[PDB]
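Take a look at this single chain, the form solved without the named molecule, given in structure tokens.
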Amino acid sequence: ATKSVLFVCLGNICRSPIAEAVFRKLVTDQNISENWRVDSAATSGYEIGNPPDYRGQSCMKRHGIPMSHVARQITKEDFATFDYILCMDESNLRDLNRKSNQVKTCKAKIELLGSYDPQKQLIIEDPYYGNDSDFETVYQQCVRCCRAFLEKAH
């Protein structure tokens, strides 16, 4: 059976596209990309159509992690079709729980991606107002959490 994960933050340009790209690389490298539906989306509509933040794209290039994405907003359907929706911070979590209670079919388990970190950093902080070093931190957290999630889901 295909498994599916949707990575979510506020605008779908900073953290969630990096998590998606990292997770795709992990499954592709283990020959199991065909078995996984992997995507990212926004809680808000501010950035719809936009490519990832240029600084996140630069971070990803340095790491040779493949990233190519068009921002989109989460839809009602996404709660029916995804097995996991993995978000970045408490505001995302609150909004997603709100949206999941306005639909009838919520298959998805909604969790903080950080809840998978062995190094126990629960929040993946918005790097929007930060600098290149903040994007790097985000990348490193995503690697740790995506590995652990792939190994064993809650």
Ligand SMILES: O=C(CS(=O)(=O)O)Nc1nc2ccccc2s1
Second form
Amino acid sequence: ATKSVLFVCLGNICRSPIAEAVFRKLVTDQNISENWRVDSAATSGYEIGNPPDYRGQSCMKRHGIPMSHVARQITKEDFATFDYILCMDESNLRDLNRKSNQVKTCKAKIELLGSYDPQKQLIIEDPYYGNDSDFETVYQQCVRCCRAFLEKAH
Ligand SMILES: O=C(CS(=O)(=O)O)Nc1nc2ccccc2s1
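Please could you give me the other form, the form solved in complex with the named molecule, since above is the form solved without the named molecule?
To see the whole picture, the full complex is given below, headed by that same chain.
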């Protein structure tokens, strides 16, 4: 379009780097990655500079999905440049809305990624203190939500 989407979670080391990687693969598989700007960022500064939690890498390797990212915090600019900001839970959503009201230009539509899930699992829960099966759940949620978002944005 070019179209753009920013996936957001608390740390940008587990949920949103997986979502970003899943989405980039989907558009690359459909020959339209050049039409999309895809990224991920954190609401917080807890993990800035760090790559995805290696448990998430292990999950993505199993599914054949390339993932390469260094954590960064969302900035005021992101609200002006992204068409969609898709986040994981209600705390992310609250924080993003708070930040968005501090800027003059907010192009982005800010929503829960789970609002796209055909299976209606609204919240994508933080797997950091969970186990490998929690990362797998997060992955599967991202696949379903990302596919539906690409098909038709709200
Ligand atoms: O970073 C993530 C996961 S994700 O938001 O990247 O999916 N979860 C955190 N839990 C904590 C808990 C304590 C301190 C810092 C952090 S960071």
